[PDB]
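The chain below stands alone and is given as structure tokens, in the form deposited in one PDB entry.
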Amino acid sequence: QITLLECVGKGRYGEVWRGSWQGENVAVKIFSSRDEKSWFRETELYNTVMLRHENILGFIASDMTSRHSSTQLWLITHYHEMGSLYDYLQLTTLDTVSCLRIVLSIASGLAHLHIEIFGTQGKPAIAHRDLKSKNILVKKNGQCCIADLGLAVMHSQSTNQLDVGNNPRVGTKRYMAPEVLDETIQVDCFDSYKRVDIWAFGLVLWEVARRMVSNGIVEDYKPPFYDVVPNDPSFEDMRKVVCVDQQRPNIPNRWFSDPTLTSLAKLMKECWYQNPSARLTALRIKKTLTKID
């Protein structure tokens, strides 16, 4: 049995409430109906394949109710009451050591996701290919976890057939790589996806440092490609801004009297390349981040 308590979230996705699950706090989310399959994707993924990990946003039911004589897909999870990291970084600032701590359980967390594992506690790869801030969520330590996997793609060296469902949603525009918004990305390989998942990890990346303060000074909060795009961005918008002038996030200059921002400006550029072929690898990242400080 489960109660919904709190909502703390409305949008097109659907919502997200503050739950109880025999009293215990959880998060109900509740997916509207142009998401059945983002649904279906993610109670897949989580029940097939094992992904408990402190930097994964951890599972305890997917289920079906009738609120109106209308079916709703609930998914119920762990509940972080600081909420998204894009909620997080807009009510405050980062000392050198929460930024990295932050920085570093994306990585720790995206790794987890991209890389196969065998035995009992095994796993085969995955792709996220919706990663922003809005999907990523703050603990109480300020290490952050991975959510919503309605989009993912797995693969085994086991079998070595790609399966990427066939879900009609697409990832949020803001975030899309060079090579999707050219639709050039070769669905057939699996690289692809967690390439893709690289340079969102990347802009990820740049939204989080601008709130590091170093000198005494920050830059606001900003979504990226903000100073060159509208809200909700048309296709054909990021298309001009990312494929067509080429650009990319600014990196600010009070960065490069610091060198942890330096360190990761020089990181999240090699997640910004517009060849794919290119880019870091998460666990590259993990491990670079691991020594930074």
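For clarity, a rigid core is taken as the largest C-alpha set superposing within 1.5 Å between two forms. Residue numbers count along the first chain shown, from 1. Compared with the form deposited in another entry:
Once the rigid core is overlaid between the two forms, residue 119 counts among the residues whose Cα shifts by 2 Å or more.
Relative to the superposed core, residue 157 undergoes a C-alpha shift of no less than 2 Å between the two forms. Residue displacement note: residue 273 has its CA displaced by under 2 Å between the two forms (rigid core superposed).
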Second form
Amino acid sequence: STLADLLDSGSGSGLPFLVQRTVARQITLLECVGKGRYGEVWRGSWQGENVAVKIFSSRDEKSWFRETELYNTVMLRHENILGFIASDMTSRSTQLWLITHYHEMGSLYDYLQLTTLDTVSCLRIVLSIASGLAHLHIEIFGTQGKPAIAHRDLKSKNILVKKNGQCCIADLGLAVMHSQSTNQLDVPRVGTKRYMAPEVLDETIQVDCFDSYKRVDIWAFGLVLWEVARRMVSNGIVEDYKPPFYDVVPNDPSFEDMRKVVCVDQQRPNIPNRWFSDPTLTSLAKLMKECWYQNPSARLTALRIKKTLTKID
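If the one shown is the form deposited in one PDB entry, what is the structure of the form deposited in another entry?
Chain only, nothing else included.
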């Protein structure tokens, strides 16, 4: 009956492959909840239950392809990775649909804008993101395994807030995979500029080294951490929502804008003084800083961040 039953044996993350078409054609679109250069995200309904339908712009056909491929070839079910249901092509010119678990709270970006956080919620948010990213990053061998995956566009807009107070990571259309069937990596500056690590901006990354891409994600995660920590109240005080580098780059920054801030001037987001009077924010500030080393090799792993966040909690 329910989509969960249908999901409850073989390979991939979502519905059986032929069933993806069937469910996709049974969906009714209700309202657009997101619109961008990516295309659109809609709330839809399948037999009386909400689902999200991302309809890709023709400019982004390749992201649909990559995201679809990943979810259909890797078993990627996890509480903190957006749950995939199906992908479908439908002549309506052909439209490209990615259908996922619907999360009515929307993105972390939107949520942080008119909500401030207690300590519990701050920690739950950042631990959950770390758990998801470590699960992406880790290679698991054997029949229940998965290749390692680096996301390549981690940011607060690509993270969704769940009702249980955790988040999940979405938008795997730029991701790259690393397995034992190791040919070359299938892929330079692809992500969102504001979140690009120095080595992406100066193009020193060794493009065939998977590890290097994980460390790029860690830089971006540090920025997300900062965004979230600003919204946690301590001693009656909180900062307004701002995106990373709000004070030194314009909206929609250029490569040159970012390179000058991050590479040439070696700037990093400022830690508000009030954080040093709070044990949680003090620990988070330390953690952030350990994602932002210029030398990628010194940055903490997602798993280390997760374990550290588990002990602060």
